[PDB]
Every structure is written in C-alpha cells, then in structure tokens.
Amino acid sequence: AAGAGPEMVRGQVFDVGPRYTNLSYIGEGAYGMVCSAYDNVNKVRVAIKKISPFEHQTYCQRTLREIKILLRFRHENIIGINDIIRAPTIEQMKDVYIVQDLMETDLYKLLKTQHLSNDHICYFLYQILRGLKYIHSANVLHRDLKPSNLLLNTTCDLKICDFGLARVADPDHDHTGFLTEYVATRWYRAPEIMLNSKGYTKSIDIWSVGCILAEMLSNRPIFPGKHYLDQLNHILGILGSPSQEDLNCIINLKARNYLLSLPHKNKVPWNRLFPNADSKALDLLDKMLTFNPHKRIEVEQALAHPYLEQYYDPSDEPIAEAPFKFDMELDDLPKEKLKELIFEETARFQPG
C-alpha cells in the first residue's frame, strides 16, 4: 500500500510491511529503487533495496550470490543484511526487499565534490583492506571493487557492498585467451584480465583497491578506459612497457605478441602524477598497481605496510571461520530452481 516516488525504473509500490515506515527515496539500485525507512523495532533509520529480479536469469544469479555471501559474512567493514521482506510462499513471491544499515553516502559520491585529507585516505584504505582480508580469508573474490561499492556513514565508517559478481577463488583455472570478455567495471580491471586471466585470483581485487587509492589521491579515476582494449593502453601509459621477465610470464602468444607490438613506453613516476601525496602512500600504491599479478602485494602485506602503521593490528583484523565452497557460478540452473533457492536462502527472516 505504501508508495514512493512513482515514475519508472521499477519503483512504484514500496511495500515493506508495518515495521518500516516514513519512506524517503535515495536512488536506483540495479533491480529496483532504494529508500531509507524508520525501523519501528530498532528505532533507527535503515536502508532498503527493492529487488525485482525474477524476470532475468542474470539478475537472479547475482541476487542469490549476494544474499548467500552477505548472510554468511559478519564483519565491521562489510555491509550486512539486517532483514529480508518477501511473500510467505514461492507462488506469491514477486519482489524481495533487503534491509541494511543506513549509510548516508558512498566513496563515488564523496569523491565527486570532496577533497580527502591524507588522514582520511589512510583510514579509508585501512578499512577497505581490513574488510578485504576477511573476504579473501573466506576464499571469496569480490571482483567489482570501486568507489560506488564502498558505503560510508556520517562518522566515516566504511562498509564494502555488492557481492553480485563475487566468486570462489580458483587460481588453477584462471587462465584464458587474449581479449576474453569480462563483466566487472572497466576502469578497475587489472591488466591481466585483457591478456590471459578470468579473474579467479585474489590479485584481481588488489588491483582494484590500488585504482581506488589512486582515485582518492586526486579525485579522478587513474585509468578511465573508453572501451575494452583502451583500458590496457591507459594502464601501460602509466606503468610503462612490461619487463622481459613479466612478459615471459604471459605464455599465450596472442597476448604476448600484442604487448611486443607496442612502442616502448617509460614509467610515469607516481610523484609526478600525485605531487601532494604522502611518499609512503605512493610506495604502497606502486605495490598494488604492479603489472605482474604474481608480484602484486597481497592483502595482509598491504595491511602491514608502513603507510598503515597507525592502524595495523592483526589481532583486530579478523578472518572468516571457514572458507566458502558453495556454488557461485549458478549457471546450470533453470529459472524455477533459482527462484526456489532465493526463497530458501531468505527463509530465516520469516515469522514462520
């Protein structure tokens, strides 16, 4: 019965039961509108995503993936699911509403108009890596880290969101051919994605965090490629031509020979790109934005880097109780089974 800001974009009815009232529109998610609401039980305002995914297989897969992961994760720097609202039967289930802590902004919105102090950059980076340590400890890859997926509240607490493209790490099966299509956001893709990688190793996430650090330093994306291959040219325009050793790491001939066909490009020094940056921040940046993914710094090493010395505390940087081993591919399931799994995964929040 309750309604919010009609128009289009799948967001006429916003029916979150009696518990959640005084709806205020926030914006458009991917599968419906997002609103803040007053939680009449906890007596605080929360965020609620309306999800109407049952039309398309892809929407379903990403929705199930996120729900399974977020329900199993519990960490200060990862958004949780507080509640899920849906019909009591599969027959009647047409939408799903996901209730989460209210986070007033995200890093994308912040960077549009706000300069970050070095102390803010340091703190944000620490929180990103702290959350990522937990994710990776569960053998999970986020695979779409970017500023819009980093939520922030009014006290600068940071929570990672959107596990719709996540996968279980599988380095033994990471190899693929040259120019293999990829789904995750272009500007934050590691170079190897375009060369020989399916993005099934943890190093894929570290690259993205490096891009996020660079973006925090200057309020501009570091590698804003306009299309698939342009992205690699942006990366090489700054890192310079890869070394013989790094090139020899790429066994696939089409990828190798593409790189060999390019004119020699020298490295652009970080301190020229970011003249106001802390030198320790640039040392860490360099280690995150390493061309060779085998040489790229790992999350725990990054946390231990001198730039983050004010925050580093391994005992207060928790890991997951056990790795995830459930299917995150979800590609050989008919629409009927996907809907059923979403129904089952969301059952715990029902009065029953």
Given for the second form:
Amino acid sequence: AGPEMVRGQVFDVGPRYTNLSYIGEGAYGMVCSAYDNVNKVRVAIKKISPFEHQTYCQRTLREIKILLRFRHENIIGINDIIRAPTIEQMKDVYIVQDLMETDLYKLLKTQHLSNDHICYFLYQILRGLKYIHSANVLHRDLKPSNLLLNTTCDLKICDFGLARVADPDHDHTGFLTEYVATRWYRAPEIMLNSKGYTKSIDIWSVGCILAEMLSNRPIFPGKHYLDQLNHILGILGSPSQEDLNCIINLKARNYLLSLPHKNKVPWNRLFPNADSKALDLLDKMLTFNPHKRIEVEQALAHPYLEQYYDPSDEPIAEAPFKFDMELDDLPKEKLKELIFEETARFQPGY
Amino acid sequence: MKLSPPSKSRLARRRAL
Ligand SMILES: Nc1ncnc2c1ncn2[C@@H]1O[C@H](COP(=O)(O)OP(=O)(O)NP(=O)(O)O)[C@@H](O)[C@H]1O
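Okay, that is the form solved without its partner chain; can I get the form solved in complex with its partner chain now?
In what comes next, the whole complex appears, and the chain from above leads the way.
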C-alpha cells in the first residue's frame, strides 16, 4: 500500500493518478502510463529529476514553457504537472500528457513502412514543424524516438528540452559536449559550430528521419562526430569550399577539406525501392550547405506530399515564442524558481 | 503495433474531402 514504485523509483502522482505501468525512459525522464481517476482514461506521465544539474533544469524549463504555450494537432500537449508544494521540497517534476501508443524508433524496429504510411507521417512531421518554426523556435533534437504515434496513424512531436528561439548570433557552447542518447540526426554545422544555428538544422533532421523510414537503417550513424561526418561525406560526396565555409573553426574546416575526395551516391542507388518523389524531396533536405536546404513551407508544397497539401489547414503560432530572460547563464537555483513558478497553475486549489 | 491505413486518420480524412 502507498505511493507506487516503477522500475525501482517512486512515482508520487497519487491519489489522482494510479495503476502505473512502465513505458520507457529517455536520457532524462522515465515515462509511465497511469489511470486518471478524474477523467477516467489512461495518460502518460514523465518523471524528471533535474535540480542538481543546470542543463537538466534548462531542459525542464524549456520543455514546460514551450509545450504549455504551443497548441497544435501534431505537437504533444501538457495537461497537468505534479510537483511538491514548496520549492524546498521539490526534487521531481511529473509532466502529464495524452498517452500515445508508441514512437517511431520503436515501430521501425518491428516493421517496414509502406509508402502510404511514410508519406502521411512525413506530412504530419512537417505540418508540426511549420508551427514550431512559425514561433521562431528550433526543436534542435528531432529523431524517431520523439515522434509519437497511434494505431490511427496520428503523429505528435514531443521532447522539447533542447528547443531554442532562433538566434544566429547566440553562441552556446555546451551543446556539443553535453550527453544525448543519439547524435545521428544532427546537421553537420551543429556537430562543429557553437553558433549560427538556423531552422535548417531541423530540416536536416527530418531528412534523416525520412531516409530511415525508407530503409529502416539510420542514414548517417557513427561513433562520434568525425565518424558521422565521414558517413555524410560518403553519401553526399565532398563538400565544396563554399559548402564548408559555414564551418567556423578553421582547423575543422581544413581537416574536412583535406579528406579524400568522395563522389555523391545517387539516391536511387541507396534506396532502389523508394518513391522517386520521396527521393527528390530527400535530396533537397539533405544538403551540406544549410542555406541550400529546402525550408518547411516549400517542403509541404513538394509533389510527394500533394494529397495532403492544404495551406488553409496548416496553423501557425500567434506570435514568436519568447523566454523572459536568457536561460544559459542562470544558476540552477534561479531555474528551479522559474520552474516552480511555471508549474504553480497546476497545484491543487490554485 | 498494427497501423490502420492512413485514410482512416482524422487529418487525412479532412484532406480527402
Ligand atoms: N505522451 C507520451 N505517450 C507515450 N509515450 C511517450 C510520451 N512521451 C514520451 N513517451 C516515450 O518516452 C520516451 C522518452 O520521452 P522523452 O520526452 O523523449 O524523454 P527525455 O528523457 O526528456 N528526452 P530524450 O532522451 O531526448 O528521449 C519517448 O521516446 C517515448 O517512447
């Protein structure tokens, strides 16, 4: 009897949420399903315990603030948040969301998607990304494990802990050396540069995801950034000097420029069974030069997606997203305060 | 998980009209 424990750790979410079952874990959160005794349906709950780490505090604050503000059919919402009644007592945060049945990472282990499924999932990814980008936000960490899916083929983007307002002058080292579960979906410029990131980094990630839906293998795996870059060069071919002028560190640029020449591999040789229209769009997303990648609006208008194209039903944000202040240089104690404030509206009897 | 055809999805159904 008492607070339920899952896979060793307490999920202090009762009495409202009970009968917990493990779903899975990311690098930061443990996720369970739970029965909501108020609305009489099962929900998802992610427990994070961020407060001893400034970067984990950043993730928690960003994800909560952004997801509470955003409202879109292809983006996961937050319905409730549970945490302690005082800042001193607060060690954990529980984010309650609609329960989705699986994620694309899990599904691709089990099956090869038909072209019809690929097309509709890609449409939804881009429709959701259009909304994100319209708020002047970069997700920065799109990957199969954060594309949530149901049996009805509904897709929702989640996992906004790395999302940032677009700012090409913002110089945030930290990102390059911070642990994440996978780097295989990262654009080349963000494996090397600590500033100048644009929306095109997310288009690169979507390209990687499309390629992986076509083949059920990651397109650019690797043990680390140099190995990954060799995988990229081995498919796209050697970048031109102008392609590589987007790389800031001159010794990194010179290293890349000195590598043995590689020819481009035609997409239909890598993916001989793929829809030619899908490959055309893929080709336009996976360009080394960030400025030359298709952007989200023109991508939605690509012929591959024609059956789903409708600019009258692809909502955008009402305004750019804004953080009150730059989170990067705030101490974890200040971030904890901001998290406490942002979650206050969900306290019982607020 | 067994996926239904995309045409059964609500957003797809809106597009089919
Ligand atoms: N609302 C949800 N419904 C069903 N499954 C979910 C839901 N939210 C998260 N998941 C699953 O839980 C996993 C981890 O969630 P996520 O939000 O990515 O956690 P994280 O540890 O904060 N970040 P990360 O390491 O990038 O995965 C996902 O990959 C999904 O499998």
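Each form is matched to the other, and the largest set of C-alpha atoms that superpose within 1.5 Å is called the rigid core. Positions refer to the first chain, counted from 1.
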Which of these moves by 2 angstroms or more at the C-alpha between the two forms, core superposed: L71, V168, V268, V183? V183
Please determine whether the C-alpha atom of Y97 is displaced by 2 Å or more between the two forms following superposition on the rigid core. no
Using the core for the fit, does the CA position of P323 change by 2 Å or more between the two forms? no
Superpose on the rigid core, then tell me if the C-alpha of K254 is displaced by 2 angstroms or more between the two forms. yes
Rigid core superposed: how many angstrom does the CA of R220 shift between the two forms? 0.3
